[PDB]
Amino acid sequence: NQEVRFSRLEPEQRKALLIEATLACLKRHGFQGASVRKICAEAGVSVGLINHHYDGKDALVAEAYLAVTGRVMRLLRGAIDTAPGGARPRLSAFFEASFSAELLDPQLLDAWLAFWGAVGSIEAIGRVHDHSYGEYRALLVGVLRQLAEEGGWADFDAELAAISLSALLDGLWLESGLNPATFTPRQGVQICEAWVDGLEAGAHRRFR
Amino acid sequence: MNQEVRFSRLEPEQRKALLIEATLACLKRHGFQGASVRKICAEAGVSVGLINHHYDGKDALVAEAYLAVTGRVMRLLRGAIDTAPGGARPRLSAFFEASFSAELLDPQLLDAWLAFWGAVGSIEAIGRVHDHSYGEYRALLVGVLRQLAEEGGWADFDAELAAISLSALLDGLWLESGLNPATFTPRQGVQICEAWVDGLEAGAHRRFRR
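The listed protein sequences derive, respectively, from chains A and B.
Numbering of the first sequence is given in the deposited numbering, commencing with residue 2 and proceeding in unit increments.
Numbering of the second sequence is given in the deposited numbering, commencing with residue 1 and proceeding in unit increments.
Some hints could be false.
Cross-link-like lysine to any residue pairs, in silico, SDA-like; alpha carbons within 25 Å at most [stated by the list, open to error]:
{"id": "1", "chain 1": "A", "residue 1": "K28", "chain 2": "B", "residue 2": "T83"}
{"id": "2", "chain 1": "B", "residue 1": "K28", "chain 2": "A", "residue 2": "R72"}
{"id": "3", "chain 1": "A", "residue 1": "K28", "chain 2": "B", "residue 2": "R78"}
{"id": "4", "chain 1": "B", "residue 1": "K39", "chain 2": "A", "residue 2": "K16"}
{"id": "5", "chain 1": "A", "residue 1": "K28", "chain 2": "A", "residue 2": "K39"}
{"id": "6", "chain 1": "A", "residue 1": "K28", "chain 2": "B", "residue 2": "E103"}
{"id": "7", "chain 1": "A", "residue 1": "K28", "chain 2": "B", "residue 2": "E64"}
{"id": "8", "chain 1": "A", "residue 1": "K28", "chain 2": "A", "residue 2": "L18"}
{"id": "9", "chain 1": "A", "residue 1": "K16", "chain 2": "A", "residue 2": "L110"}
{"id": "10", "chain 1": "B", "residue 1": "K28", "chain 2": "A", "residue 2": "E64"}
{"id": "11", "chain 1": "A", "residue 1": "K28", "chain 2": "B", "residue 2": "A60"}
{"id": "12", "chain 1": "A", "residue 1": "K28", "chain 2": "B", "residue 2": "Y134"}
{"id": "13", "chain 1": "B", "residue 1": "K58", "chain 2": "A", "residue 2": "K16"}
{"id": "14", "chain 1": "A", "residue 1": "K28", "chain 2": "A", "residue 2": "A155"}
{"id": "15", "chain 1": "A", "residue 1": "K16", "chain 2": "A", "residue 2": "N180"}
{"id": "16", "chain 1": "B", "residue 1": "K28", "chain 2": "A", "residue 2": "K16"}
{"id": "17", "chain 1": "B", "residue 1": "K28", "chain 2": "A", "residue 2": "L18"}
If you want the footprint, here are the derived chain A segments under chain B, 3+ residues with CB under 8 Å [what the hints assert, rightly or not]:
{"id": "18", "segment": "6 to 20"}
{"id": "19", "segment": "146 to 154"}
{"id": "20", "segment": "160 to 174"}
{"id": "21", "segment": "196 to 209"}
Think of the hints as simulated: they come from the structure by calculation, not from any bench.
Yeah, the Cβ is synthetic: ideal placement off N, Cα and C, and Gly gets one too.
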């Protein structure tokens, strides 16, 4: 009865259940302890069923990382895409989304941590990182080029400025998860807005 | 058979050192969730009878490693501030240089920090190592940001919030160097940090009040 019952679920639903089991096992066991046998016992499905769709642990883990990062990117792109009057309203919309409960909640931190640990070893995972971190900076690069044009800053290295702002957001996201009482989500927005003020006040010059 | 001259002969502080390094190697290979005192002894090359006997458990070995690692970073970062030209910007620049030097930018330890940070949420003792050491790291940066503000002389600068911003930037940059060393050079990381200070000095320090 397991061979039919999993299979009769909708594709997006089968996929979501396996990624949820991969995430739970990464939390409990770390990347090195996750196995397809654990993931399938967590999911409540047969291992033979899964061997057909996935190569192994690396493939399951990569699909989970792809989905989590895809989700972030949709919320952040959505925030920009619905923002109005130009570069700073767009950055603000981004900063607000970044420190919303959706993105700031540390539920998945151990997963992220597990993902980041596997980046240096597994090409499948290393590639998801490079792709997603580049997609993420490309979004900031766009709005920073827009901001430079408004400025209009002569030869602004938007790529390096994007590495700066992404690093700040990352650092704030991480510290927040390690202890949420260090600063409030609103202080997080305020810090990011101060960084953009800093550029408009003349720091753009340091970025070529 | 080298717990005989590798553990038998040494002082308790020198066997602590050995255990700290076995704990870090075990964390890099098994993760925190997968590490155990047995797997720690497997790295030390000594028996687990021995180390049960002399130690409380895994949580306590990992907290000791965490304390050693953070202690060392802080020594080096304090050193760089103490031996820099007296002024606020030269002290910050020395901090940035130390931060992106091969010693603190060593990607080998990334795995160790990742394992500590995962233990922070579920093990309160590790949590408390985090809070304390992050507290000390920021206190160092608040002292020099206050010097900066006084040189400036900025009326009501929230040097505490400024220090959270700057620590966040450093953390973020350190993490990206380790996840992909090709993204930007150590020189560029310094440059990004100086650019942040420039930003403050250019007038962004005004946002640090509300």
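Results of checking the hints against the structure:
no., hint, verdict
1, A:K28 / B:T83, "violated, 43 Å"
2, B:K28 / A:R72, "violated, 29 Å"
3, A:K28 / B:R78, "violated, 35 Å"
4, B:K39 / A:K16, "violated, 35 Å"
5, A:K28 / A:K39, "holds, 12 Å"
6, A:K28 / B:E103, "violated, 30 Å"
7, A:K28 / B:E64, "holds, 23 Å"
8, A:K28 / A:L18, "holds, 15 Å"
9, A:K16 / A:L110, "holds, 21 Å"
10, B:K28 / A:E64, "holds, 23 Å"
11, A:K28 / B:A60, "holds, 21 Å"
12, A:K28 / B:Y134, "holds, 24 Å"
13, B:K58 / A:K16, "violated, 36 Å"
14, A:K28 / A:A155, "violated, 47 Å"
15, A:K16 / A:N180, "violated, 32 Å"
16, B:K28 / A:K16, "violated, 30 Å"
17, B:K28 / A:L18, "violated, 29 Å"
18, 6 to 20, "violated (count 0)"
19, 146 to 154, "violated (count 0)"
20, 160 to 174, "holds (count 10)"
21, 196 to 209, "holds (count 10)"
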